[PDB]
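Using the hints, position chains B, C and D with the ligands against chain A.
Protein chains: 4
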Amino acid sequence: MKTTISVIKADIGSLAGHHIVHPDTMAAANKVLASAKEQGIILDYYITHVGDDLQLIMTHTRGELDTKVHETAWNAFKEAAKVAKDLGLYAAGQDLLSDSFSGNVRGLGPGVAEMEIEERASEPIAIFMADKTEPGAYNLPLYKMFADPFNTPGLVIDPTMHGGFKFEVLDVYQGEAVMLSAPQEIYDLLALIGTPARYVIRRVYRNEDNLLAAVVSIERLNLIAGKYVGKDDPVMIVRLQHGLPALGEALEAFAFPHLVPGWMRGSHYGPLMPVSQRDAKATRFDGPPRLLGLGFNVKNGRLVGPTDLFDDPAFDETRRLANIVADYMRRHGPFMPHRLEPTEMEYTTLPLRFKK
Amino acid sequence: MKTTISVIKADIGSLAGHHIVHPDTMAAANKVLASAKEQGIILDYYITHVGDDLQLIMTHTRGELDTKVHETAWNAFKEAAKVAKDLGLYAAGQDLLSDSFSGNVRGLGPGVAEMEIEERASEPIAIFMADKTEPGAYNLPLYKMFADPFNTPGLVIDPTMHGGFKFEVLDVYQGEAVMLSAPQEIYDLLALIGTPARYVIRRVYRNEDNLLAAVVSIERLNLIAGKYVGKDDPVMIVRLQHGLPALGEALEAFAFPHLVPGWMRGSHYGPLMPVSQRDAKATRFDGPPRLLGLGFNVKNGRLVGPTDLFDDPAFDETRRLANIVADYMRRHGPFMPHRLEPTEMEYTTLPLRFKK
Amino acid sequence: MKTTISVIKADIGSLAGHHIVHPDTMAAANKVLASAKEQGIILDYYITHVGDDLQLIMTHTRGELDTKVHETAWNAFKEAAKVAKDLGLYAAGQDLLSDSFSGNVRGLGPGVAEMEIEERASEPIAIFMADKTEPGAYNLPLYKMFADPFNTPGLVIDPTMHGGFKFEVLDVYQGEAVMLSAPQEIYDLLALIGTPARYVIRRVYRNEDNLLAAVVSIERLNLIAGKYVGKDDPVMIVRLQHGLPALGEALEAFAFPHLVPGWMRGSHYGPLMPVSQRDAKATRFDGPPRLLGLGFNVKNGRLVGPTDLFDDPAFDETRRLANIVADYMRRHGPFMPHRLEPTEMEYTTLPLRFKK
Amino acid sequence: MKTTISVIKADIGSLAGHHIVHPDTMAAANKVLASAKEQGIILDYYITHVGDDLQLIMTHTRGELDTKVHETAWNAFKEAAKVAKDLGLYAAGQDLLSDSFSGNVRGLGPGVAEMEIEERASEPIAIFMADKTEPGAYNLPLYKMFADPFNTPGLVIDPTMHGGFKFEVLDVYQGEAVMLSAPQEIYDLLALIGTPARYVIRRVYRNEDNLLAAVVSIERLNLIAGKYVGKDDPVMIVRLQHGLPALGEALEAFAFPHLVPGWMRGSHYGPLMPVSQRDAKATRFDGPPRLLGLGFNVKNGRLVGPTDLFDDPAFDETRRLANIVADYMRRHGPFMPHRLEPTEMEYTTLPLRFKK
Ligand SMILES: [Mg+2]
Ligand SMILES: [Mg+2]
Ligand SMILES: [Mg+2]
Ligand SMILES: [Mg+2]
Ligand SMILES: [Mg+2]
Ligand SMILES: [Mg+2]
Ligand SMILES: [Mg+2]
Ligand SMILES: [Mg+2]
Ligand SMILES: [Mg+2]
Ligand SMILES: [Mg+2]
Ligand SMILES: [Mg+2]
Ligand SMILES: [Mg+2]
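Protein chains in written order, with PDB author numbering: chain A, 2 to 353, 361 to 364; chain B, 2 to 353, 361 to 364; chain C, 2 to 353, 361 to 364; chain D, 2 to 353, 361 to 364.
Zero decoy hints are in this set.
The list cannot tell twin chains apart, which means a pair is met if one copy fits it or any two copies do.
Result set (BS3-like, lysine-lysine): computed pairs, CA atoms no more than 25 Å apart in a straight line:
1. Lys83 - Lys32
2. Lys3 - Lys83
3. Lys228 - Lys364
4. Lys3 - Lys86
5. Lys300 - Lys79
6. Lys300 - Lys69
7. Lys300 - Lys86
8. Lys79 - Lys69
9. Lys300 - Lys83
10. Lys69 - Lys32
Derived from the structure by calculation, the hints contain no laboratory data.
Looking at chain A on its own, in the form it has when it is part of the complex:
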């Protein structure tokens, strides 16, 4: 008997630009999930947003890629999008690329990260949700959490973690994945994941017992649509403690606001800014990219929490540095490396008299 934690998210429109989810659209999604919970389809849920991305966090006993859970999410998004359209919100139904649902949401526009697990003696988790970036934004943090002993001293001091972790790395262009184990294969790992537009960490497992420790949403709108229609805006679930990274080691991996692709027009690098729920909205230059972190405990399918992780003074300098770096990046205007590299600009309209 297992519990599945599913985070399914989508942009269904937003106020004043790609800025923030309107509360009336969340209330519409809530009605759908409330009904699903009453019917016993799901055991519990929490709805929120980061920027213009509406987040459905659900626990249930129906496994990964469950048609009914995914269809419940789809319906919640559709009801939210209808309210968005009635309110004349910008980009109403943005990420709902298909007219209809079948099978599951993957390839329809919504992003999904989910894990079916056996709840541990206690089951603390952190869920990270980002706006204005793509799934590869989690590569550097996951490398740090699970492989870098300067981030996660448990790797050095905690006998249960000494055996290390392995990474399922997806080549999103070719649709093939490889497993690489730390610390033995870290140089090979970094040779790949250092290119986050192509090679994305999708899951992480503990080596000793193959315990599933983290999952990342790997939907990429560029690759689904064949052109730029928005930033993917990814989510990740990380299990904590008991020989997995401590909450503090997971958070340590976000204390440095690294440059991630996306931001204005899906065409720029900007610093990932960890923020409180109230600050999870896109402003200057349609960002900077925003990261919301929520901590929960899962108990018999119940979601206890959330606690808003980055809403705390220990991240005030991280936010200040993100602001300073955003200004520095912006002084580059439309030049690389503030503007994206050509292989990723090729999905924008940029492509649209030379003499020998």
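Chains B, C and D with the ligands only, in chain A's frame:
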């Protein structure tokens, strides 16, 4: 069938100096607009303030310079001023220069920015309202939003924007306007708008289709009254997205807190400080100048929102820099260039034994 | 009768790594140029280095791409490389890719920027030489100097400059060039030069009279060798004053230390640090990239000067920001966008178990 | 036929406290080494100091632990100490613990780092010499240089380095050493070297070919004398380039001024401050600890150089941070963790009424 967005504002008195609009005066204005909405004169409205300037944001179907909409605003201001006088507020009825109303508010004291438009597939807008400065304070930001590719990379990457924008520049001293198109005429444009006391951007249009993209209030109290009676305190409406600047590009143009004329006694340059609604009040040296930004979507004449745009951590360094610059400017005392140039001081009382 | 200014440079080996040119190698080059000057091949010269790149600045009356001037430079490099080898310097003869010389140095390894001009009533110039980067590093500065009215207010105020400048942009991958004129074609210009690895500004001309105003070295070692053998380390000559940018406008364009490609192992972005002659050496992470600027007047083929342009307190904050940004970039380790994009890594050894 | 690089150092007394080597004592050492060079005992040498430690850098063909080379160093120290005593310098002959020499300097007081090598196609090296700390101060930097891919991206991108490096770790308390290979054994490595007073990296080798890449002096005065008589003040030689860390990767490892044990009275942690030769002297609180870095090329036993590595603006923020951290540490007074842990204080006089 078109929707008109009208922002009409006026100083009708304030608490403790030129500091803040008193809530009882807003409640008085509200009664008038509530009645107008009930009667179907206007479709929706939002009332707020920036500093000592009371803001009436109205949507309706009666066009630009409509006598009845303007008279509704005038009456709301008069009721607010009566409450101000009953409360013994400072400068009760300040900007109500005429004893009576006729035609429209222009030349009577209140400022107005309005645009009659066809609502787009969605109609996101930003409305900017400033205290302690004059309309030319928007020249540099509008130049950046609509012409500078280091601000608005859509000009470079977005095929719909590549054709550029044109600017209606008003010579406010001579009462004549010229149209200049970017990027071809940017050097000529800057030769004018670099003198913001004289040449003010009044409207901006997209070149390809002549779509009206922005409007600025161009009432100038100095020029209406023939002497200094206050700072004009201007407003601007900017349409967003769909081949116009993104919300983030409009906000990028205010990320640098530039020096603007006004501040204490209408006689100084100080940095434009973008602020939240709660911080939209004038304090040190009767400023620094304050900028409030509200995002809305317009839907069949309904105002959805507002979202308070600058109330966000991405502008915390902008505010800090404004504070540092304010202190630096203030160490100049009554010397140029902190004090205004003679041609603009001539409207103050400054003019009021030399030997060959 | 014209004067040609030729800057020909090459890495012929360095002390302790890719750090600094050894003085004995400069003395060897000097002997060759001293002889050439005595023979009347060249009229004057100045020898220096930036980092590990030995710089030959020569004036003569023999035109661009002169075989004898280029062969003189080649011989000076060969004598310098022989001393480097005798001293056991690192990478002795690094940029001397050919065993022998023919025609000119282009394609043999050395970089060259040269302009044949008619000396003006006075002929002030600035010569910029960079280590640990590539020619496209000058794209943003040249755009600013010659097209951006926020950099070069002469474009707005100086009637002789109002007509603007045009840019010869080389597609270095395809070996074709296009001319684009500012301000009319700036959005098209930026769409190209924003990708500096591919599209490089090679020359700039004044529109009114087609006066040649600047030239950049466009040798790219990657493209010459078919693999990474070093950073190109480019040079540029800019003519000043008399309706061309003032010295101060040229220097303004380097006051922002932008991110440029190169740095460690030719595989990273780092900030361009303008430095004095004494600080023109590569240290932390084999950089940051260094920029030396020398001002001269040219008088009947005589080089009057140099003055060391960035050795001045007005660039102390530029250097401090470069240091702060270098640290921030370095915390990214081997991840983009600190590490280069894949299309440019493909020249490194990086290219050297996936399941569906 | 091999070349040996030997760095042998000792404190023979200093001016005004433990502050700086007096030049007359260096001139005395010079006479001895000049004679040794004339006799052909050594091929070349360079004499300098860091703080109160007199440094003899010698190249020769006599191998590691050569009695005659060590006796030459001993004699140079004795002549320098005689001058120190004649000048009434503080702590004249400090590190000369034995009255007489036999075999080699190890265990007599002087520190030694030496490597017998086959000179590579070119042989660039960096020599690091520190005052006011102990050999374990190099553990974190050597880990970074040779194992951390966020420091040395060659580990990821350079096929010649992908196989990694191994570390000879000396347990200085038990006098036994272990070899640990990166990246496979990094967690075990860090579990040891994270305690730098006990486990010290002594040598580093490349895994592929067992090439000797670095050596550290492991003399520890506490353990030689059985009590505190000074800080060991260690030296290290690092070979560079050609599939070993680049100069810039070696320097990157010192860009963070980490806390190291020693400083005042051998009893405190303070930040390691990389400095120029002119700044290599101990001041505030008898520090902070100082690090001098000299780059050379070795050519047929000749020392070409030095270049003063940290005398460069790229380390100005490193020095500023060291100053800020020194002040912060100092506000702790005699409390851990500014004061050393008890197991290391036990060598001081600290050890020299409790009721149940
Ligand atoms: Mg959106
Ligand atoms: Mg989003
Ligand atoms: Mg998105
Ligand atoms: Mg007032
Ligand atoms: Mg006001
Ligand atoms: Mg006013
Ligand atoms: Mg080199
Ligand atoms: Mg170079
Ligand atoms: Mg080079
Ligand atoms: Mg001493
Ligand atoms: Mg010492
Ligand atoms: Mg000592």
